[PDB]
Amino acid sequence: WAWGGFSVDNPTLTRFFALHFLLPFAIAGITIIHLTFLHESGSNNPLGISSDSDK
Amino acid sequence: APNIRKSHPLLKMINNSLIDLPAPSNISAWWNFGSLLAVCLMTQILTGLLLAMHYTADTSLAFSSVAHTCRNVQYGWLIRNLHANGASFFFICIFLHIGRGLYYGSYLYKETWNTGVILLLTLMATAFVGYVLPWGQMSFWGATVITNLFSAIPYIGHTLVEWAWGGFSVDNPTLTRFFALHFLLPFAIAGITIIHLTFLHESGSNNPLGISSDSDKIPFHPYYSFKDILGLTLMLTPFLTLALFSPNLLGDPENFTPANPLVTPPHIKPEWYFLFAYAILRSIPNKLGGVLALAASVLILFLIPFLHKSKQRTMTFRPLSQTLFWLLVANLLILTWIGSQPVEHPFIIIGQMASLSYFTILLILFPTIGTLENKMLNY
Amino acid sequence: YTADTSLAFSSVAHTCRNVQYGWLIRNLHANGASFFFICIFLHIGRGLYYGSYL
Amino acid sequence: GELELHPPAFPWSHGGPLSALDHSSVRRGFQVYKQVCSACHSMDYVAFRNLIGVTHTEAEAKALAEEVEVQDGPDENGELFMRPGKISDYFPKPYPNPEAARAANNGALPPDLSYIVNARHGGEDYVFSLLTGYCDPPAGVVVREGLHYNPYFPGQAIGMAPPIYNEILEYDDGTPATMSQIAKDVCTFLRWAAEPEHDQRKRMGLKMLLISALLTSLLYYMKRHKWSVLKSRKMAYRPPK
Amino acid sequence: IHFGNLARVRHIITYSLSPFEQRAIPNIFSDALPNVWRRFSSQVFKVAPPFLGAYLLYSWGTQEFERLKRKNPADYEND
Amino acid sequence: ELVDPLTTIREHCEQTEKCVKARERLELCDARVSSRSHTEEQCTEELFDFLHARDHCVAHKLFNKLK
Amino acid sequence: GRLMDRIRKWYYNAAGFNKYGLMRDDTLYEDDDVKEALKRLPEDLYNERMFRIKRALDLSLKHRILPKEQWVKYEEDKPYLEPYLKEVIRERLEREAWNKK
Amino acid sequence: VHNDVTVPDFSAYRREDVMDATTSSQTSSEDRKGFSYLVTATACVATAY
Amino acid sequence: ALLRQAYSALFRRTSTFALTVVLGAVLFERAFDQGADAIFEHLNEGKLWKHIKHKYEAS
Ligand code: HEC
Ligand code: HEM
Ligand code: HEM
Ligand code: HEM
Ligand SMILES: CO/C=C(/C(=O)OC)c1ccccc1Oc1cc(Oc2ccccc2C#N)ncn1
Ligand SMILES: CCCCCCCCO[C@@H]1O[C@H](CO)[C@@H](O)[C@H](O)[C@H]1O
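Chains as they are written, first to last, in full-length UniProt numbering: chain A, 164 to 218; chain B, 2 to 380; chain C, 56 to 109; chain D, 1 to 241; chain E, 2 to 80; chain F, 11 to 77; chain G, 10 to 110; chain H, 77 to 125; chain I, 1 to 59.
So here's chain A without its partners, still in its complex pose:
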């Protein structure tokens, strides 16, 4: 199904181009979510103790 045939051939290439063009945008989108969840807590720091006393 993925190949669109019996071996890696032209129909695979064309759908891989489509996917390659598309996924990076999904990466950009999910990155926004990544930072959104991150901002809920803020950054962790190298000593691993609360840095609210010094931000």
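There's no promise every hint is true.
Claimed, not checked - Here are the simulated EDC-like pairs of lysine to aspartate or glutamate, each with C-alpha atoms no more than 20 Å apart in a straight line:
hint, chain 1, residue 1, chain 2, residue 2
1, E, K70, D, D44
2, D, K86, D, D44
3, D, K234, E, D32
4, G, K95, G, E105
5, B, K310, G, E84
6, B, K310, G, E57
7, B, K376, G, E84
8, B, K218, G, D42
9, E, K72, F, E24
10, I, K50, D, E195
11, E, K72, F, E21
12, F, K77, D, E170
Said to hold, decoys possible - Residues of chain F placed beyond 12 Å of chain E at every Cβ, according to the derived structure:
hint, residue
13, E11
14, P15
15, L16
16, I19
17, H22
18, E24
19, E27
20, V43
21, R46
22, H48
23, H66
24, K75
Worth flagging that the hints you see were computed from the coordinates, not collected in a lab.
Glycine included, each C-beta is placed from N, C-alpha and C at the ideal position.
Knowing the structure of chain A, use the given hints to seat chains B, C, D, E, F, G, H and I with the ligands on it.
Relative to the frame of chain A, chains B, C, D, E, F, G, H and I with the ligands by itself:
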């Protein structure tokens, strides 16, 4: 917090915009087009990707890759139909969305309005470059006609155009960059749409009576989730009826002929949704003036928020404005019609009249009648 | 680029050989993929070592 | 040069939104093409396998393709060579390129017929009227050498000599090969060559409508059911007054 | 947060019925249709006019165009 | 020999008030156009009016007599 | 003169907000001045305006209007806000003017 | 006072089975819900198809 | 009373309501397709290959 629909950093967003979001209790069917536009967008992107997986952007293979898709791909013909006709459903919906806002003074929500104008400009560019991809006769000539208009911009004229073409005429390097652009823009549309709704939520929706609905608000769900789903199938019926019973009703037969640079079609005209602008284009004999008139035919929308004189928001209780509004709508059907006709008498003069009245109504009459009506209310 | 078995390889060569700075862009894109992964492995490492995963 | 005659609307058996193609007519139309039009007209997008289950048997299809020699290659020595056709081959091109096509038709170019009924306004009504509409030029009109008068063709002077006449061939299904019968069949065939999905597309339209009718009614009731609460709602202003 | 900060409202009572105690499309003939007609009536002379005008202009222009394609015998009466 | 219903129905239709009138204006145009030696005129318009009238008539009946 | 004094009554009925039981002032777009004006209204006037509007919205969602009997009559329309709104605008214009000086 | 407040008449909208004020409305409840839910369940089947 | 039975057995507990939609869809499809195809072929007698096939089907 008690329920996880409010606490969670994500659901909270889905809740404050599609479930617990405060909506006016009296919004009509004209408010169903935003959601249809959203659904319309998700569907174009979907059918677009499905087609992209079989398309080849090369002058020597474009036409046939599209044919191969229709003839060999399982349901390729269906997907091609839906995507092509989806473009029209998209524009129908967008013109009704815009109309609704002009008639109800939704444009007083300036940012929501401006991002909206941007969405429309992006949607056009998308459809324009998308149209070239099959590389048929109208595909190539449309590209050729329109892109050449800009060589008329003094100085950076031939430069900007030759840069855009990637050569000396609309050729293969144009096709490949247009495919990249056609794939890209819809995603910009999806992004800007988020901004559109973000500004919108700052105020909430306007309503048909144009007065504060804080006294009577209802949750988006189930009232509008149901109203919108219903509105989806009501529109979706005429859509599918067209794409299944009359697949080529709106298309130019000229596009079933491979592009040929040595054979100008007799009548180079756009898709229905561009006709009105094409008319305004040809109304001004003078390459430069016509281009500006063309540009202005859409950019005019950025001025609407500044030409509001009425003391009331909508045109519900403004009879004079109401007829002026329908005159405008009729004006646009005339321009649409003129655009599909050859450049000859009587069409030429009718064209200039409709183009001229188009701008008069928006720039002069609307603000004037609005003031007049303020006096007739003793304000 | 042209996504077709018969033109892919050469479309990329054409890009490198004819397009103005095509070679540079091609290089930057191909090498950027590695920069991306180097950065991601250091990003992940950091999180494992500092319990960011909490 | 100005003024044009528009074909009439014939009652094709596949014109109804719910009416398929008469596959019997399509099968005949294929013969016309094969034995008449295929002499100058290419049909690049159709292959013999396409006929199977539409107008022909798999055996008939395989036979039809073998009547043709296709150029395959290269071989061991990098040579081109001939071979009998397979059902995977597309209908043979009459000429190598358009230059040769024109060369053999007085610089005129007979177009590929794969999408002709959609590449022309009027469609099959146009092609039918054109094929059966040849006649003599009216007073004041002179057709230049090599061209033939056809009122239905734009400019009225076409480079295609009337392609069909009565009994120009025999329908092996025993149908009276009158000129109009032929044009009728070949046009039906051309409709099919332009869109093989035709019947399936219509069958789908039927299901779409029924489900659409059903689903819309149902959703209307639900929308109404929910809103009934606000529709019948009553309010009153009761100030301390 | 948007529910509870909207408007300062006082002294208004409202009565509503569950959807299961009432009818979805009640009084189609006594209330619905009359109103549909009422609404149509109230707008017809505001909407229709310009569309009718458009139609006329369309018919004129289309016929005027076909008429200019015909020949005027008054160009061949001399010969 | 065989007979093409097309030709048959063409005759029947040309015997219509509509065609008879169009056919009449045609013959007149032909007449004066053929009898001059420096005129521009052509009878396309008249021929078209005839073919239009006839052919519209043929369409209504032709397919009935075809398989 | 008493010329447009008629035109008005005509427009007033042409407008049609009285069919919802709304006063002219009820239909005003709430810009900045109107908002300040509304804050100055006496409680009773304010609550009445509120009911009138909530009522109108309910009629609008129902796609109905008031029975011909309940329609506000041109001559019985209360310009309850125009007085306040007039003051608000002067005050504003005073400041604007003064801040330039 | 609140004692003077009463619920308007919903006879113009009540479903036939709950029109009469002296009849238990529970007896016809599974009927009224069963019907509306039947429409919905059908919409789902139409959509799942 | 079917509506009551339906309600009690099918539409009351959300689990059974979903089971009804699934089982309902499986049955609706089978029936709806056969029906539509039935209609389509009747409205097109002797035009489909299905119809004329026998004439050349004879090895
Ligand atoms: C001797 C070659 C020959 C044969 C055989 C022939 N054609 Fe053609 N046909 C042509 C030529 C040449 C043209 C180009 C006419 C022109 O463009 O002036 C043409 C053009 C056409 C056109 C219309 C072109 C237009 O621009 O509208 C159609 C449709 C067509 N042929 C149909 C047929 C069909 C169907 C048949 C078989 C019944 C057929 N032809 C057989 C030579 C032929
Ligand atoms: C396209 C890839 C990614 C992008 C753009 C991205 C971006 C970011 C950014 C900008 C931050 C804040 C700055 C920082 O702390 O470095 C962040 C933090 C973080 N990311 Fe990513 N990230 C990516 C992938 C990942 C991956 C693969 C993981 C681990 C599986 C991850 C785990 C985290 C975590 C846990 C933090 C918290 C850092 C802390 O301890 O303060 N990220 N990321
Ligand atoms: C891809 C195109 C667009 C999308 C997806 C989109 C989506 C939406 C949605 C979902 C809403 C809320 C529901 C509604 O009121 O219909 C909305 C509201 C609005 N949009 Fe758009 N829109 C689009 C284009 C535009 C354009 C072109 C304009 C005008 C130039 C515009 C102007 C507005 C305004 C002003 C509102 C406020 C509605 C109100 O008065 O309450 N939108 N749009
Ligand atoms: C805002 C959404 C979109 C619009 C308005 C749109 C519009 C169009 C138009 C006008 C055409 C020409 C239709 C025709 O063949 O006559 C087209 C073709 C095409 N579109 Fe889109 N499109 C959209 C999104 C996409 C996306 C996201 C993709 C996929 C990444 C895409 C891929 C294609 C492809 C492959 C073609 C060429 C094949 C064909 O002509 O059918 N489109 N599009
Ligand atoms: C590539 O040509 C695409 C066309 C098309 O209609 O795509 C949907 C097209 C076809 C034939 C002739 C022209 C064509 O393009 C266009 C493009 C166009 O673009 C605008 C629309 C509104 C405002 C400004 C412009 C510009 N420029 N306005 C009218 N026709
Ligand atoms: C508005 C919702 C419309 C949905 C319509 C669904 C109809 C699709 O039905 C289709 O019919 C074809 C012809 O029989 C079959 O070959 C397909 O497999 C089938 O999915």
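Worksheet entry | Hints breached by this structure | 1, 5, 6, 8, 9, 11, 20, 21, 22
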